[PDB]
Every structure is written in structure tokens, then in C-alpha cells.
Amino acid sequence: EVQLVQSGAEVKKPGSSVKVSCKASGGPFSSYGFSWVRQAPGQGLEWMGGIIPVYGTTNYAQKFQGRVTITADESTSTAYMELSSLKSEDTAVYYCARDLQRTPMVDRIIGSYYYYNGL
Amino acid sequence: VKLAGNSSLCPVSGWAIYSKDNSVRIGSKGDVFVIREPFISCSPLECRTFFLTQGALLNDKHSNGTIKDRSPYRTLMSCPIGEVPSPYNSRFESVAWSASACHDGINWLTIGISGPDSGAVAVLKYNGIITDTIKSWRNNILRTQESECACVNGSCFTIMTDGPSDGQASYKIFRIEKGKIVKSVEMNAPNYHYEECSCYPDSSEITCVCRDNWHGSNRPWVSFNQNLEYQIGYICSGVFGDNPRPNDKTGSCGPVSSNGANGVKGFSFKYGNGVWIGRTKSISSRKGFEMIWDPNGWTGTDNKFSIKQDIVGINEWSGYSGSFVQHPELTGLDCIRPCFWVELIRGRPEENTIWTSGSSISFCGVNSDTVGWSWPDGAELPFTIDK
Amino acid sequence: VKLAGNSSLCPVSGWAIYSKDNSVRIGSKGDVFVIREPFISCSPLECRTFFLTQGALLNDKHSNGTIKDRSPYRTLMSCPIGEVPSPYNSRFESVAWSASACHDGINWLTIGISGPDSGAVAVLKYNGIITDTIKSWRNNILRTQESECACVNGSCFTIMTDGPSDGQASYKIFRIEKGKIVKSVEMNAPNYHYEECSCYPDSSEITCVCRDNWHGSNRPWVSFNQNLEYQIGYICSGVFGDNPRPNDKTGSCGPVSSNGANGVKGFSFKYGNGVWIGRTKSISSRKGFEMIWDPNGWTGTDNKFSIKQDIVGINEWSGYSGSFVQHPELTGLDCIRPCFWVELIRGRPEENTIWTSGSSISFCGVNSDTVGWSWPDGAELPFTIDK
Amino acid sequence: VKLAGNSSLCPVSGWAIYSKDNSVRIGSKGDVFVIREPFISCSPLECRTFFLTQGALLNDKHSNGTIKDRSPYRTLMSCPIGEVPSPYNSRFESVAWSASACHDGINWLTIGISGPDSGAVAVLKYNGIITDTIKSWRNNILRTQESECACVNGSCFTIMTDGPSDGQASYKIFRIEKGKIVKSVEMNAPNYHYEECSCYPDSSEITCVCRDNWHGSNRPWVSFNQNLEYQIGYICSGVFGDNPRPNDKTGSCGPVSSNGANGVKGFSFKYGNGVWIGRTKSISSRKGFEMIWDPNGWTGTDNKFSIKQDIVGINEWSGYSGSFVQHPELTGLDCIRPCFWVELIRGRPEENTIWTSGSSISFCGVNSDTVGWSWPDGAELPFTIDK
Amino acid sequence: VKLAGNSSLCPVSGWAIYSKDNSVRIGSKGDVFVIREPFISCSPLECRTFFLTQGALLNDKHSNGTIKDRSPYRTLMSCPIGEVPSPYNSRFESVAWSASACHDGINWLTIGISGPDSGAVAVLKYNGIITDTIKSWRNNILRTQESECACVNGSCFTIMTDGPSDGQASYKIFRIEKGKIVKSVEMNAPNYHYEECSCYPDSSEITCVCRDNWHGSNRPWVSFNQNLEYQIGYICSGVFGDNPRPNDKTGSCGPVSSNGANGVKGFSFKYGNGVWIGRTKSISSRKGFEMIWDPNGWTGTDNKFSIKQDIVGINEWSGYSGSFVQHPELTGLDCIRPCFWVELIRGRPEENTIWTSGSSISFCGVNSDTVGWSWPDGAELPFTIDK
Ligand SMILES: *[C@@H]1O[C@H](CO)[C@@H](O[C@@H]2O[C@H](CO)[C@@H](O[C@@H]3O[C@H](CO)[C@@H](O)[C@H](O)[C@@H]3O)[C@H](O)[C@H]2NC(C)=O)[C@H](O)[C@H]1NC(C)=O
Ligand SMILES: *[C@@H]1O[C@H](CO)[C@@H](O[C@@H]2O[C@H](CO)[C@@H](O[C@@H]3O[C@H](CO)[C@@H](O)[C@H](O)[C@@H]3O)[C@H](O)[C@H]2NC(C)=O)[C@H](O)[C@H]1NC(C)=O
Ligand SMILES: [Ca+2]
Ligand SMILES: [Ca+2]
Ligand SMILES: [Ca+2]
Ligand SMILES: [Ca+2]
Ligand SMILES: [Ca+2]
Ligand SMILES: [Ca+2]
Ligand SMILES: [Ca+2]
Ligand SMILES: [Ca+2]
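Residue numbers (the deposited numbering), protein chains in the order written: chain H, 1 to 119; chain A, 83 to 469; chain B, 83 to 469; chain C, 83 to 469; chain D, 83 to 469.
Bear in mind the hints are in silico, worked out from the structure with no lab data behind them.
Even for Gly, the Cβ is constructed at its ideal location relative to N, Cα and C.
Among these hints, one or two may not hold up.
Claimed, not checked - Now the in silico label distances, taken between C-beta atoms and shown as ranges:
id	chain 1	residue 1	chain 2	residue 2	range
1	B	456	D	149	19 to 27 Å
2	A	266	C	384	34 to 42 Å
3	D	153	B	247	53 to 61 Å
4	H	56	B	468	34 to 42 Å
5	C	250	A	265	40 to 48 Å
Said to hold, decoys possible - Capping the alpha-carbon separation at 25 Å, the derived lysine to any residue pairs in SDA-like fashion look like this:
id	chain 1	residue 1	chain 2	residue 2
6	A	217	H	75
7	H	23	H	111
8	C	469	A	390
9	B	390	D	150
10	C	390	A	215
11	C	217	D	415
12	D	265	B	369
13	A	217	C	388
14	A	469	H	31
15	D	217	B	92
16	A	150	H	95
17	B	262	A	147
18	C	390	A	220
19	D	150	B	89
20	D	262	B	91
21	A	143	H	56
22	A	390	B	220
23	B	369	D	372
24	H	23	A	215
25	A	469	B	141
26	D	260	B	89
27	A	265	C	453
28	B	469	D	262
29	A	369	B	153
30	H	19	H	75
31	A	469	H	76
32	C	217	D	372
33	A	143	D	201
34	A	217	H	113
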């Protein structure tokens, strides 16, 4: 099966930025959607953004537009999430989760294209 | 002289192979364009292979990341059939990442779409001279047949789509004369989705078989006359023509939602209530190709068919397919004969390379003995640039 | 205007060199098709070199295992004489692993055979437009001349073989008019074997010299008129023309069984009771080439001949050979002049490479001073791809 | 038949993309000339891309140090539009390190300048036959438009400069008929500087927009009739057209000395007192390109303009630009339509390579919907030869 | 229509540069024939560059040992002027290691010499059809002009040599009409030596300037009329034209024995008692080239001349040079204009490579301003194949 290994814990002052890695220690990486979900302590799940590395496309939630950046590295099978202008309300546990099915074939690729079957 | 186009489709009973360029195989050594979305179109004198280049050559570092269908470097170019799309034998047509081209009988008409996603502009050329332009009216990527347009009596017609690829969009029919758009009609087709139509003239009218990328596993169609009065519908046959699709089952004259999400450019030839259906052999991936004759498939919903001819083996890569006709002006026959081409996509996303390109095969309908076989791309991947 | 073809063969007294393409040598650096079975055919305006590519280029990995004569990637293409068969100067004709082509005087006729071994279909094109098809009638590999066909008065003729290569097979004559098969006759030739015929028109008739791959070291022949009434027989000369063969000995007007097993495509020109014989110099391998004039070899069984002209040295590689004519319409003469080409096979199975290809030389008959020499391929093998 | 040229410029409201050759990108793999100073010129039948080669190919060691604009190896050559300038598709015109070419309607006129700096000679060819020569009259490098010349009624005109590039020089107008210089006039223009003029015919006269390399950040211009009576001046608009230049400010109908030192070849189309200005986006480097419509810019000194259309992004390399027209003989219109090309310089001095070359894009004016975008060179530098 | 050729040579006062192919420089990357002995010849419509290939491409291993002037792989081919001799743009003419070609006004006449040294046969082609042959009569290598032949009134003339290169040989004049040799005369020239003549028509007659390889440092010449009545002699000028030669000294109307041993192919244009002499700048090696006008050099023995124009610098490699004319049928003038080409030999024996090849420059005579300069080959040797 597939294993997603994330970077260690992080502590930041407000106004700074943080970048978290997500190394897909398995097969899937290239043609699979990767999402970044955060969860404040004692609160619900909140989806920040997603990426499809084969198509080089990203989709961000309207709450995080402008200060979140999700990048991929097709060589090392690693995904990244960078959140800038950090506020104290951003204190949460940040998860990265692959999708369940291979992405469909898109001939007309929208720059913000993303698919979601289930993480 | 002008192409009359008042002849009906010749009735066919098979498909004889017409051309095979072996591009990607020859591209491993020679200087060959990285291409995608090729199509064949014929004049009353010759036939040509149009294609959208990526401004790069195979086995070159500039073929990296050439999945992306839209870039300022893509150009519509053309070369003789069965010939490799090389910069040394290719004629330039227009700067485009979405194109269409046909010959009214006196001059090549080419339609090139370039520009940003919100402001794409289709450049119309007649004899290589810019004759008209049309701008995206819904500011979501403007796209066209990626196959030949259809000319009748001196007027050529095409289909363009503006809007979402995963939802309801806007579709327009155009009537071009000597490269000038003279009439256009937006189709009143709610819950329909039209993309990358394969239009062919049929005895003074035109019928386009298209691709439903939004909720359709059967193929939508639209037919119209010179005044652009039109009729819409879906191929009712239970032999589903899109890819992906479900297994063969009870069809529908409306869009079939099962596996109705994104599809593949295709074609079909309607003969009364029957239909010649070209489709992939696989249900999920773009593998194999075959021609199926359903004698009642145009208006009936059953899955029964009477003739099937193999084109590409189920294990080997296939891709876009489109129709192209050979008019009596060119062949000397008394009816407009139908033909088709098949794109053989190699590389990304299915294969471990840094590039995506395609070769082409083509077949023409004959009323004589034919045979099924597998004419695949044949390139051994990955290439040296992929290590 | 149509090619009349009512002139007799010009009488010849030698052979002057006509072309040499130096393909494989230039293939070491340039972009050159891996080819095999080349032949020359002329229109009333120009002469062209047809060939069966392998969908790959020399010194490329896709030239691996290209011994196999049949694949879905082989295509019939043509380029000007003496020119290298490159994708940058070659015109596409048809998808084929067995082909034939000739010019009736108004348009190129091409015959391309592709498909499975049990269902091979020959696609006939007139001016690149598919005009007819013919399917294998014995379901064992369908094959044709691999040299030019012969046109008289507007009708072109060819030979096709269906059945075993090591036994009795089926042989048919065709009479094509503007790419449409108008008449065909199956030859009744028991104990005969016909393969890869070299047909030339001779005073309103056609005589084909062929290859007996089953039990024949002399060459079988068949001559016929426009109504396809035909004569059959073998070259009686004791100067055996096939390869392999025995040493020169007493010949036979029937098939000579000694070393009668598989042969090489060849040709011959009959002049009354005499014959111009082109053959290899070696008796076992495909090495060297020479032209021999036997003044009574067509009807006599002795081994005596009066003239011999060296073409390729006995130590250097040779291969298929075939006839091609230049009609008075092209030369301005008052008789149809004979010419011939020689294929120079390099690589497998005789050489330590991963590929097999060939270059070509050609000679035309003249009634003037000539000289014998050795014009070999000249490529230094193995190539860099073979290491 | 001769090109009349008595029509006025078609009025334009935008620019539709006409060609893009993707040379340097394809030069990374294919065999492509190292070129610089390209320009387009059209006959009544076709359009061609002329260019000055360096006698060398991209990614080859002979492309080292190819900054130097003058060498005995540079040649003026031409190929179809949108095609890559390869030795396999390029026609030879003349040996030149400074060139100009136009079609009077019956035959290509080419002007090639070669020789030493003190004795440079311009070779004039009409249909490739040398028809006239003209020698440097001030013994300091003789140079010409590096764009198309202008033909009216059968007479073609050009501008040549002899003397210093950083000071007052000598400028002459020529009137060529069938390649023979029939009249010339030296311009009485003290304090003016003319280099690399972009000349277009406009209703039986010619107006050239040029480059002031000595003290000018606005563009000098000269207009003349068939008798070579001329008028001189500078574009008064505060939208400065040269590169480098100052920020947009109050302009002058004389030379603007601020950032008046060396500039870039450019063009402009005058319409009454309006002007379509093509210029770089950057003020210092050769980056980006845009078209600006100033409705009073030809005679007014303010910096206000009403229309701007993006051509190349401000961050991507640009270079020479020049005008070329399509006459009614070619387009069938009733007015001479304006177009223009943009050279995209890559490599030295701005980039870490051993070479300098360029690709081209072109646009034609239309009175219909257009869009602004960025169509840059797109080559990934450095190349393998630069390591 | 036929080339009349009854005009006298246009009188000239300089030389304007006509073409430069930059072959070897482009050959370092592109696919370029290894050539030697190139020459230009013109039809009433175009001019072409003929050359003798070696059946191999530059920077390829098959270009090893290509010093040897004679091999069964050498072929005469032609391409447009100023273009690189590539297999993708070169037309095949004949198999030859010694060649000549000219256009009578209706069809290209080509003469190709191949075969063994003792039995060489020259193949004559008119419109690519073999029209005649001529076999060596002295059984010692048969050779010809290696430059264009001269056609007058429909009859073309050439010179061939059979016998020793270091002693008395046999020389013949031929009168070909439509590729058929109609008359020949062996010259009665004891103590003379003729090789590689440069023949040009001059007012219904022909005058050839040739190379004395046996005992001559001045150039021998022969002039003749249509009936082949001839006159022989040597250029009397003390400005010696061969290479090697002695310093300029008192000349002779007979052969000058000082440095009279083997020479270089050259040319000269006679104007009354004057002569335009093309020669190398160096006295020992093949370095540099220049044009010298000696107003009495044809009949006078002094070393005085009045005009000298530099062509190639004394430090840079030169080689064969030859004449070629442009008839009034092509130029529209009232006199047959003279031009010339220069071969720039690179590699062996003078340079450290495994190969020998050459590029070409050409000039045409004009009565207008010209300039002297150096237009060398420009290739940086050794190439990558030489390491
Ligand atoms: C073709 O294009 C792809 C992009 O689609 C290029 O992929 C990029 O590859 C480089 C390495 O070759 C990656 O860089 C690495 O970054 C990590 C930090 O994240 C660093 O630790 C490594 O040492 C390395 O520098 C880069 O992330 C990756 N980018 C993407 C978007 O995948 C590929 O290199 C290109 N190949 C060619 C031949 O042009
Ligand atoms: C060209 O095609 C031939 C096939 O005709 C390829 O030959 C194959 O070569 C590989 C090795 O290169 C052989 O694999 C070996 O298998 C043995 C087990 O039998 C294993 O112990 C070795 O380590 C190796 O993996 C393979 O058997 C052989 N196949 C045949 C049918 O001969 C050849 O590799 C191709 N070359 C190129 C350049 O494409
Ligand atoms: Ca679908
Ligand atoms: Ca059914
Ligand atoms: Ca046999
Ligand atoms: Ca005998
Ligand atoms: Ca300036
Ligand atoms: Ca203003
Ligand atoms: Ca000498
Ligand atoms: Ca003198």
C-alpha cells in the first residue's frame, strides 16, 4: 500500500510562513490528486487546496486564495503546501491526503482543474 | 471550381487502410514535431494532414511538459498524408492551440485559435490571408472541431464551443464563405454538451458527431443546412461510442450519464437509421480502435450490431478520431465517400516520459473486400530524452 | 496521354549505369529509412524509386529486429532516383509490406498489401485515391511483384501469389484500368511456382520473369496479352538465373530441382530465342551481380553464352533485382528500352547487426560502348547502433 | 502584372497573429540557421521570411562569437513564413551582412551588402540575376533597412546609410526599377539620424519610419514620391518609440536627446495625424512588445493614447521590428493592408551563451475583434553547446 | 527555346559576389555531402551548382580516406546555388568521379565518367535519359572539364583527356547535340597538356582555358568553332596562372617549364589581346584567390598588369576555379556575361583530418563599382569525427 510521510512539527511567529512536505513513499504519485486538509484542535476538517502533478494544475479554497501555494515534485514524488501571512488562527494539524482513483484524461486542461472521489 | 457537395454519402461495407505516417518511431532519430490533435482534409486535388505542433521536436528538451494543450508556441501546420510532421516538409497555417481546416474547392480555409483562456481569438485564413476573426463570447476556453470542417456549394461550416468542459457550455454554428463569417447561430441545447465535432457534408446538409465531455457516454450530434436551421440529438445506439463509457447496454436518444464524464473526440457516419461507429476497444483507457456497423443504431437503443472491423488492438494506444470526406470532384465518383483518421497518443500521462505526442493512421470506406488488423503506433518508449 | 506500349524491346548490347543512391552509407549520419525491396518505375515525364520502409530510420533503436518482412509499420513510399530514401524527400504511397507500382501514362498506380497473413488485402490507388481492393483468396500470405507493373494501351497488369512459399501455390494475373481491377485469371500451372515477378511490356503484350521458391533454380516465366490469354514456362538456359542454384550445367525448360529451394527475386529480357540474364555471381549466397547474354538461352538448354558484363564484385553483397522500362513516350525513341535495378542488402542475417536494409543501383540498356565494374553498397558495418 | 500601389493604407483597429516559426526552440534539435535581422516581404502570390544567416547552425561550434554583425560568411536567405530557417527549406538570395528585399509584382528584388567596412558594396539582384551595384560613398559601414523595401507602379525604393552610427551620417533614397538604380537623392537632414528604416507604400507614395541611433529616443521619418521629392521629420508623440527611451513625457517633432543614444529598429503606421506605434515594453532592455494607437501622435507632443495591445510580455526577450504590407493584388481588398513582424533575440549579450540568434512572430492589421497576449521565443537557454 | 550564343563576352571591369554556400561550416552540424570539384552552370531560367559527392556525409565515419578522387560511390549531383549540398535538397544526375554539365536551352546535359581506370566510360544524359556513351581510348584515366560545358546554337561542346597526368596525353573535342555525340576530333598538340578545361562560348565559338599538369605553369588554351576546327596555344602573360608556378617573370606563348609540374584547375576570359586571370595568391600551396586584368596578357609576355581584385586572403585555403556564363536568354542583356566560381578545399592533405571536402563562392562580372575582400571557407578544423 501507499504511505504519505510528512515533515516534522513547526512553530512560527505571526506574519511568517511555513512549508510542509508530503513524500509519497509508494507508487501512485504522478497521476493522482493530492489535497491539503487542516484541523484546528477540537474542530472540524478544512480543505485548503489540491494539486494534480501530471497536469500541473491547482485548486485553492476561497478562504486561502492569495496566501497558500501547493507545489509538486514529480521526480521525488513529493508534495508541498506553503501558507504565508500566518495568523494565530492558523494553528492546526495539517494533513496531506491522496485521492482514491487515478485522475481522468483531460484534453482541455483548465488551469484550476481538480477532481475529488475520496481521500 | 467550387465543391458542390449535393451528393449523398457513398454506402460502405468496410474500411481499407489509407495512410500511416509512423511519426513517433521516425521521431526517435529524425527531426519530427511533437504534435497532437491531427486531422486529414482534402482538396479536389490532394489530401493533407493538419496538426497542432508544440513548437518543439521529439527527443529534445523542449518536449518537456508538453501535456498542456495550450501554450503560445503551438501552431497549426500541415504536411502531405502518410508523411512525418517534420519542419522540413510541413507548411505553416496559423498560430493555434485549437484549429480546424477545410477546402471549399478553390482555397484552403484554416481556423486558428490562440490567446489567453479568457480572451481567445480564432483567426480565419483563406489562402493564408487573414480574412476574419472571432473572439470568445463566454471567456472560457474557446475551442473548435480539431478535425476538418465541411464545405457545401462554396460555403464552409464549423462548430465552436465556449464555456465549461465539465458543465453546460455555449455552442455555435458558423457559415464561412471565402474565410468571412457570414452567419452564426447559438444552439438551443440545454443539458447537451458539444466538443470537438467531426462534421461531414451529406447531400447539401451537414451532420456533426461530437463529444459530450460533461455527462455523456454516447455521442451528441447536430445537423444543419445552409441557412443554419438545425436539429440536435444523441446517438441512440446501445453500442456506446465515447471513451470512457459503460459496457454495451440499453442506449438512449439523450445523454447517457453512466460514465458520462470526460470523453474522447470521435466520429460516426449516419446511413438512414444505421450508423458506422468508430470507438476505442477499451472502456476506461484510450486503447484499441474498431469500426462497428449498427443498422438501426442511429434511432434505436438496443446493443445489437451486425459488423465489426478491428483497427487497433485492444492492448495498444489509441486516441482522437475524426471523419474526413473525399468529394466527387476529387475521386470522380458520383457520391461523397467517407473516410476517417485515428490519433495514436504516446507518452504522458499513461507512459513514463516527459512528453506527449501522436502518430496517425487513416482509412477510407470501400464497397469491396477489407480486413481487420492492428496498425498501432509502434514506438518503443521511453525515448533517450526521458532517462 | 496514355502509354501506347505497342513497341518492341530495343535490342541492347550492354548496360550503362543509371543511378546509385548510396543510402546505407549516408544512413550512417543522415535520417534515412530502413528499406528493403526497392524498385524503379517511370512515368512519361520522370522516374521514381519505390521502396517498402520499416517505419524506422537507420542507426535508430527502432531498426531492431527488422528482418521480419511483414509488420503493420511497413509502408510503400517513393523518392526521385539516385536520392536517399529520407522522410524529408520521400512521398507516401500506401501502407504495405508487399507492393507494386506503375504509371499508365496519366497517373501513378500503386498496389499496397497489408493486413494479417490469413486475410491480407491489396489496396489499389490511382492518383493516391483508393480505387479498388482485393483480398487473399487462399489465406496464406498474399504477395506481389515487388517491382513495377506493366501498362499497355491504358491497362496495367500485375501478378499476385497466394499460398505456400515452399510448395504449390495459387497465381493470378490482373488487368487494372485506372486503378480498378477489370479482369483476372488464375493460372493453371501445376508443379510451377511464381513469386515476385518482373513484368515488362513488349509490343502490346507482357512477359514476366519470376522466382521459383519451391523447387526451382531456373526462373519461371509467364507472358500474356490484354485479354489475359497466357503462356507459361521456364527459362531453358543452362545458365541458371536464381540464387541459390547449381553450377552451370544442362538446363531444362521445366523447373530445375537441383538447388531448387528458396530463391531470389530476379529478371530477364527475352530477345527472340535469346535472353539477357541478370543473376548473382555466387551460387550459395547473395553476393555479386552480372548480366549475361545467352543468344539461345530462352529455348535452348546448353550452358554456352557469348557476353558477360560485371555489375557487382563476387565478394560484395547483392540482393533483389528487377526490370523496369522506359517507354518511347519518355525517351523519344521508337522502341521501349529495357533497364534494371539491383538491391544491395546489408546487415542481417549475413552481418553482425541488429538491422537489415538496402541501397540500390540501376542500369539502362544502350547499343553503345559500356564497361563492367563493381558498384557495391560500400557501407562499413556494423553501425554505432549495433554495439 | 506590376504592383500598382495607388491604394491608401487600410484603417485598422487591432492586430491578429499571422505567423510564429519557433526557430530557436526547434534549433535545439533540428538543423537551423543562426540568424538575425529577419523580415517578411510578400509577392502578389505568397509571403516569405528573409533573414541574414551567420553561415552556421544552432548548437554547433561554428555559432561561437556570433555577435559580430559583419563577417564574410553571412548570407541573405529566405524561406516560407512560419517555417524554421533551415538549410533544407531556405532559398539563397545574396551574400550580405545587411540586406533588403521586396517584390515589384513580377520578380523578387534583393539587395545584399558585403565587403569591407570601408568599401562595402550593395549587390542588387532582380530574379536572382545581378542587375546593379552601389559602393559605399563615405567609407563607413554601408547599411540598409533590414526590412522590406516598398514598390509602387513598378519602381521599388529603399534607404541606405553611410557614415557614423554615433554621429551625423549620410542618408540616400533610391528608386530601383527591375533591379537597376535609376535615381538617387542624398537627404539634406542636418542633426537627423537614419538607420534601418521600415518603409511601406501609401497611396502612390512611401513613408519610412526609421531609427535614430545618434541622439534620438523618438523615431525619425522620411516620406517621398516617385520623383524622390521628400519630407523629413520626427514622430512628435510623447509615446516614445525607440529603445532605450525616457518614460512617456512631452514629446517633440525633432529628435529627443534624452536617452537619444543608440536604439532599435522599429516601425510605425501614420493615419492622418494618428500613428500605430510598435515598441518594446521595457525602457532600457529589449524586453516585451506592444502596439499603441495614438490618434494625434504623428503631429502632437502629448503622451496620451487611446489603444494598447500586448504582443510580448514585459519579462521576455524582444528585438528588431519592421513593417510589411499586403497589396490588393495579393489580398483582393481595395486598400493596401499593413502588417508587422517582431524579432525575438536570444543569447548574447543578455544571456549566458556563446551565440546570438532570433525567432520571429508576425501580426496583420484587421478591422475586427483581436486580443493581446504574449507570444515569446520560448527557448530554454543555455543550449548544450554553451556548457 | 535553343540558346543562340552568337553574342560576344560582355566587357567587364570588376567582379560582384554572386553566391556562397558555407557548406563545410554548416556540415559540422547538418547532413552535408562530402564533395569536391563543384561547378555552376545556368539554364535560361535558373543556375545550379553541380558537384561530385563521395557517397558520404561530413562528420561521418564514411568520410574517412576521402582523398581518393575515384571510387564506385562518387555521384554527380546538383542543388540550387548558394545552398548546402545536402541529400535533402540535391538532385541526382549521374554516377561519376569526373563530370561536366551544361544546358543547351531546352534540357540539362550531364556527362558522368565512372568505371575502372583502364576502361572508364562517360555516360551522357539529356534530360536525365541516357543518350550516348563514350569509352576510354587510351585506357588511362578518362577525365573531363569538372566545369560547365559550352552550348552554341543547340550544340554543346566539351573536352576530355585520356592518358598520363605527368606526360603527353590524348585530348579530344566533342560536339554533342541533345546528348548524342555527333563529331569528335583529337587535338594535334605535341608537348601540350590539357586537363580540366574551363570552356565558355564567345560569339558563336568556344575558347577553353585548361590546366597543364605535365610541364606548364602557364595555362594552355584551345578555341574552336561548330565544325571543330581548332587553334591551340598558351597564355603568353608573364602573370602565370597555374599553381604551383614561379614568381611573375617573362612569360611564354608556349609551356613554361619552371614549376611546370602538376597544377590546379583554373579559368581565364580573353578580351582581344587582354585576359582576365583568376589564380591563387600563393605560388606553392592552394591559398588565396585574386582576379587580375592584363590588357595584353593573352599575346604579350611581360608581367605588367593594370587591375587586381582580391577574392580570398593569401592565408586562407582555396582550390579549383572555373568559368560559367549567363546567356542573354537568361539575363536579358545583349551580350553573354562571364562569371566564375572558386572551390575552397578543406582537410587533407594540408590539414589534420581524415577527410577532404570543399565549399564554393561565386562572382559575376559587372561594369560597375566592385570591391576586393576575402570570402574564405570559414570552417574550424578538425571536426569531431577527426579526434
Ligand atoms: C521537466 O519539467 C519538470 C517540471 O514539470 C522538471 O521537474 C522539476 O525537476 C527538478 C529536478 O530536476 C525538481 O527540483 C528539485 O527540487 C527539490 C526541492 O523541492 C530539490 O531538493 C532538488 O534538489 C531539485 O532541485 C523540481 O521540483 C521539479 N519541478 C516539478 C514541478 O516537478 C524537470 O526537471 C524537467 N526536465 C527537463 C529535462 O527539462
Ligand atoms: C533487439 O531485439 C532483441 C530481440 O530480438 C533483444 O534481445 C534480447 O536481449 C535481452 C538482453 O538485451 C535478452 O534478455 C536476457 O534474458 C536472460 C534470460 O534469458 C537474462 O538472464 C539476461 O539478463 C537478459 O535480461 C533477451 O533474451 C533477448 N531476446 C531475444 C528474443 O533474443 C535486444 O535486446 C534488442 N536490442 C535493442 C537495442 O533494442
Ligand atoms: Ca463523455
Ligand atoms: Ca442495433
Ligand atoms: Ca529457388
Ligand atoms: Ca546457350
Ligand atoms: Ca536612439
Ligand atoms: Ca496623444
Ligand atoms: Ca602545372
Ligand atoms: Ca601586360
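Query raised in the report: Given the hinted pair residue 23/H and residue 215/A, is their alpha-carbon gap at most 25 Å?
Result: The given pair, whose Cα atoms are some 48 Å apart, is violated under the 25 Å limit.
Query raised in the report: Keeping to a limit of 25 Å between CA atoms, is the pair of residue 265/A and residue 453/C held or broken?
Result: Holds, because 22 Å separates the two Cα atoms, which is no more than 25 Å.
Query raised in the report: Is residue 390/A within 25 Å of residue 220/B, Cα to Cα?
Result: Distance ~22 Å between residue 390/A and residue 220/B Cα, so the pair holds.
**Report entry** Pairwise hint evaluation, residue 201/D against residue 143/A, where the allowed Cα distance is 25 Å at most
**Finding:** Not OK: residue 143/A and residue 201/D at ~54 Å, beyond 25 Å, violated.
Report task. Quickly compare the C-alpha distance for residue 23/H and residue 111/H to 25 Å and report which way the hint goes. Result -> holds, 24 Å
Requested in this report: Take a look at whether the Cβ-Cβ distance between residue 456/B and residue 149/D falls inside 19 to 27 Å.
Outcome: holds, 20 Å
Query raised in the report: Between residue 153/D and residue 247/B, does the beta-carbon spacing fit 53 to 61 Å?
Result: Check failed, 38 Å falls outside 53 to 61 Å.
Query raised in the report: Does residue 147/A lie within 25 Å of residue 262/B when you go C-alpha to C-alpha?
Result: violated, 48 Å
Requested in this report: For the pair supplied as a hint, residue 390/B and residue 150/D, confirm whether the alpha-carbon distance does not exceed 25 Å.
Outcome: violated, 29 Å
Query raised in the report: Do the alpha carbons of residue 262/D and residue 91/B lie within 25 Å of each other, as the hint requires?
Result: Holds - the C-alpha atoms of residue 91/B and residue 262/D are around 21 Å apart, at most 25 Å.
Query raised in the report: Do the beta carbons of residue 56/H and residue 468/B sit within 34 to 42 Å of each other?
Result: holds, 40 Å
Query raised in the report: Is the hinted pair residue 217/A and residue 113/H satisfied, with a Cα-Cα distance of at most 25 Å?
Result: holds, 23 Å
The structure shown violates the earlier hints numbered 3, 5, 6, 8, 9, 12, 16, 17, 19, 23, 24, 28, 33.
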